[PDB]
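With one protein chain held back, the other chains of the complex are shown just where they sit.
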Amino acid sequence: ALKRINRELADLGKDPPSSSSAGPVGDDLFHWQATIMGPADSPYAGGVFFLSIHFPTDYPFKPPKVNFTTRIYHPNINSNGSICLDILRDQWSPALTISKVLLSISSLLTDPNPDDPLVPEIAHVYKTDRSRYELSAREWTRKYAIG
Amino acid sequence: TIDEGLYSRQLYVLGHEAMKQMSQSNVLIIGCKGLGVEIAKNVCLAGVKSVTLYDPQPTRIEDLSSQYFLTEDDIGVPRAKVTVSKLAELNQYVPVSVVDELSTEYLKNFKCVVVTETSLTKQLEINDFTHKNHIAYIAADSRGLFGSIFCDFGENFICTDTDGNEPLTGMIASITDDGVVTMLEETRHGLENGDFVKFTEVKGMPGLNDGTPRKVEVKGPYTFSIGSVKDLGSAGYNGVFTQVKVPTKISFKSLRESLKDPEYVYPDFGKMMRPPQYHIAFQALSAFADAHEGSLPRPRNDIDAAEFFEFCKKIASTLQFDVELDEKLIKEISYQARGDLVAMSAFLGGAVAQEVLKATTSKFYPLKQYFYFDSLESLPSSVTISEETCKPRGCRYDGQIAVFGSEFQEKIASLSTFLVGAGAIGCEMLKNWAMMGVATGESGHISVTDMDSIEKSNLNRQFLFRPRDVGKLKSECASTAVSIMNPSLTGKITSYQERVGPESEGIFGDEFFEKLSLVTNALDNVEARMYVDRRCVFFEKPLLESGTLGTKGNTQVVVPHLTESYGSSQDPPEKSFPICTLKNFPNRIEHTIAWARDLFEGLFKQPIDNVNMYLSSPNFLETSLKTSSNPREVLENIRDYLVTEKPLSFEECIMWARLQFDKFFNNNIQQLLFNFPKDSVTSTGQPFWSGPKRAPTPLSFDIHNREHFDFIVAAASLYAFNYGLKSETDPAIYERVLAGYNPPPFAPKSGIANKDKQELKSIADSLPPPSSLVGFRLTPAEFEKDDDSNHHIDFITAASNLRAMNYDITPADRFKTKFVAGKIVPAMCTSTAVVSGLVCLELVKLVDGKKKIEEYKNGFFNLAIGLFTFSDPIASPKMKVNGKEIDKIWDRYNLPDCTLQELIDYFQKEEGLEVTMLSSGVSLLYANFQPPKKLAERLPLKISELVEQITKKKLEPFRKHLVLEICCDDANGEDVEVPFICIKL
Amino acid sequence: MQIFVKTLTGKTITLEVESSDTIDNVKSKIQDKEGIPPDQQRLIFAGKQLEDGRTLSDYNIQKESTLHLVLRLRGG
Partner (left out) sequence: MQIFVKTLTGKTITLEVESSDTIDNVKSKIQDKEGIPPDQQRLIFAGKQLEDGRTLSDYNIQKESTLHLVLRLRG
């Protein structure tokens, strides 16, 4: 696991992710702290979201545990930071890199999926009153994702 | 009336009906040697109605080679008489008897008849009777490293289950007018051509819901066909399908008929020409015994071998067998005629016991009809095996010396093994080692470790433990039992109660491991397997891995510098459901059981832990306010469980349980339906509650309903346990308390600054001070499935069934709920016996020090279908480093405790490689991209000092080495893999 | 060429292959028909475990040959 994790880290260092920056916490290779920038064409524009990534002892044969640490008002992210992503629960394979996961999370942020929601109330607000959802998302990203 | 406290693991393999039929079947066993006693033990543990033994032959010393119920004080006593008393203790529900004489008509009292150590004429005489009276007949034989099984269940055997798999079920998406059934998105039905299915809940085609099975024509992994459904309708939508398993009729031939034209079962496809040879060889053995007053050929005797081969020629000519006899193999069968190995006995006994259970239950596919097996690759080649070394010495190991010799006996007697785990496989392994004489020499020793204690359910397949041993440590009991079996092991066994893992390296350290000869795993989880595999790889010790699951099993061997390790291959992972499915949209009972388990943890475990930690840690609040993802939840839990909702009697517990019922089965559903009404549609215009999403309906509490009352009782009892109150079970108090309950009004909420922190502070300071409460603690509930009086499984079952009623899912019972929630692994005694036999057959290969990789076999088997297969181990991969051949697995660098700069310089000058990353454990000691100041600080330090500084933990005094992982690049910049580094402290 | 694969659970699978196909192609076909990733498949023919990077003709696998698809178990 150590060699794979270091290879991914070096690959990140070589070619910058531009919109993301993940690295080990202190000197522990199995605990990373990543950062994601809110897409410009989204309610979360101009926001910095911190994620915690926990590689299991069996990596890459078990998915990393990725949790948001910043509060976000999204139909697919709940108060614990859990992310409704298929590739993190049962579709995980030992061929996906952390950069792919970060790109998937950014794409999820750019457009939510209210048809299979994790937070039914936010999904209902999104489906019925879109403008209120936009205002709430902007308020939350200004209150938590900036500073 | 099956005692589920004992047959818990076996019922998950067989079932209630199968065991009900088993409990009414009688088994007769002729022969009480190692094979016979193994079969009888497995049958008694299985749970047949009764067992009868017939063996009037007086005991002899050599019989102790594989008979573990015989002692040296029983010489001259009939074997059955001395074995019945010890067999009667294995299971209290299975009487064991002895008959001094056998008459043909007496056979009519038995459901199954097993025959061992009997001549062919007697077998023909018995089978001529059993066949025409419809009695299952099994005949087993074990000669040295060769074995044979024959089954004859009658001309009209009815098999109800042919593979032992659960019926397949699936969710449909659409059924066209031509019967083309399509599965949901990316879902496989798993059917085969010729299967039968029945449909339910199909809309648009009500005619398919009657329940008549229909033929299945598989057209792809996602679709199949059922025929023409023109009349029933035009097109069907949604619904579910379930496979229907139909009985089969199997016709067996009598032994007399099948001798001429046998039907073979092949345990190995690599040698398909052998079973025809063994068929002649075993008959020749019987003829030779008949011609010499029942005496088999003497060990490694050439005259007897020649006469035996003459008999083989005669038999082959008589039967018009157009097969060329392999002289070497047949004479090998002759040489080992008097062999009696405990490993072969265990293997064949497990197989034959499974066949007996098939006969008595009409389940699983039986052997049809001849099963000839050999493990001739285990014959030693590093020692002298001749007539002089194989002659008997008048000791209990004669049956083994007749195959391996005295020099190999000396080799076995000085082994130093290490057995990890003392479960079913551990007990079988200890028995096999005791019988084989392992570690009975001056320099021998056995070490066994296991941190668990004996429980009632373990007695069903761990025959070394008795009911009086419940509550004691497994390792001590196993060591004492095997010291009773073989007295020479007194003082040669050491038992530890230590878990093998990173925390026990102070006991199983360098000194402990350097003295071993091999390691044998008997574990039940993959983490321990991987850890022990890594330790064996580091210390370069042979490893024997084995595993079982229901009727399936496998065994693998890891040999230093020859094969790959256990961790070089990948296994399928456990399936975990998406959080969105469990939280809101379940459609299977497994989802509701997982939800109920999470609810149990969140109601009776987490709040109690938070309250207790608040009353112990002086700085708990501040740490929680910035550590947890929801400090508000922690504060609310503490407040509710300390002041707001602290019960003073059991009536308040009942009221709390009623409130929780409302919270989790009536109000959350109302909120969910407020967010997504049943008539809502998706963004594409499709209905929202279609397919995998089922529309729920709120539950209204009714005291008379059984599930509601069960939930109330279990929740109130668990809450009282948390607060230490006196619970009750009389329905009168529950009905009286719940009558006067006024539900608070509830209305779903439509929704519509920094003061929240002030509110959190106000809540925090409102809590009573820890000083005011000293010595006060709340007892958390620790999940325990094996106790049927703590209400854990009762609560989980009630919650799961209530949530199933919410979403219109078919509820399950306590049996299936315990199976799913407890992560129980089905277990059988027969599979354990087979795997132990295979492992002990590989152990002799390891002891002999075989070098070629084609001489070892990894084994896989499924007894439900009678499948056995073997394959050579995979050789360890090689690589080129600096123009040198390096083993990717078993090679390492040995360096002194130098500085980091010196290590880098050594790798640059010696291997011509540039070090880019260096890590130890879970820490990054050095990386090429670190800032220059940090490196300049870390460069002149020794590796031990660097590890201590980075990990912030001093190395223990017992630590004698460090393992480092290094990634380096060549001169051109291409990354080259290198083996790990072993720094000697 | 047509070959058969028998699973440890009793299922049978029919594959249409050629003698020149690599073991990787066979594993991919088995994944298509069963969903088992190639890295988790253990194929046995005539007492030899098939390894990636080689061809069928290396193992003398001819038409109507029977392979066994096996797996390890964690109990015990």
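Labels A, B and C are assigned to the chains in the order they are written; within every chain, residues are numbered from 1.
Please note the rule applied: contacts are C-beta pairs under 8 Å (C-beta built on N, C-alpha and C of every residue); 3 or more make two chains touch, one makes a residue touch a chain.
Although it is left out of the displayed model, the omitted chain contacts the following shown chains in the full complex: A, B.
Shown as candidates are B:317, B:684 or B:894; the residue that touches the absent chain is B:684. The hidden chain makes contact, of the residues A:21, A:113 or A:136, with A:113.
Set against the missing chain, the residues B:209, B:223 or B:416 yield one that touches it, B:223. Contact with the chain not shown here comes from a single listed residue; of A:2, A:12, A:51 or A:85, that residue is A:85.
The residue from B:93, B:129, B:196 or B:237 that touches the chain not shown here is B:237. Even with one chain removed from view, chain A keeps its contact list with that chain: residues 84-86, 89, 91, 113, 115-116. Annotation for chain B: contacts to the undisplayed chain at residues 173-174, 176, 180, 182, 184-186, 219-220, 222-223, 225, 235, 237, 578, 580, 684, 686-687, 690-691.
Here is the rule we go by: only the chains that are shown with their structure count from here on.
Each chain gets one centre point, the mean of its Cα atoms, and the points for chain B and chain C are 25 Å apart. Spacing of chain A relative to chain C, judged by their CA centroids, is 39 angstrom. Multi-chain contact residues of chain C (touching two or more other chains): 39. Residues of chain A in contact with two or more other chains: 94.
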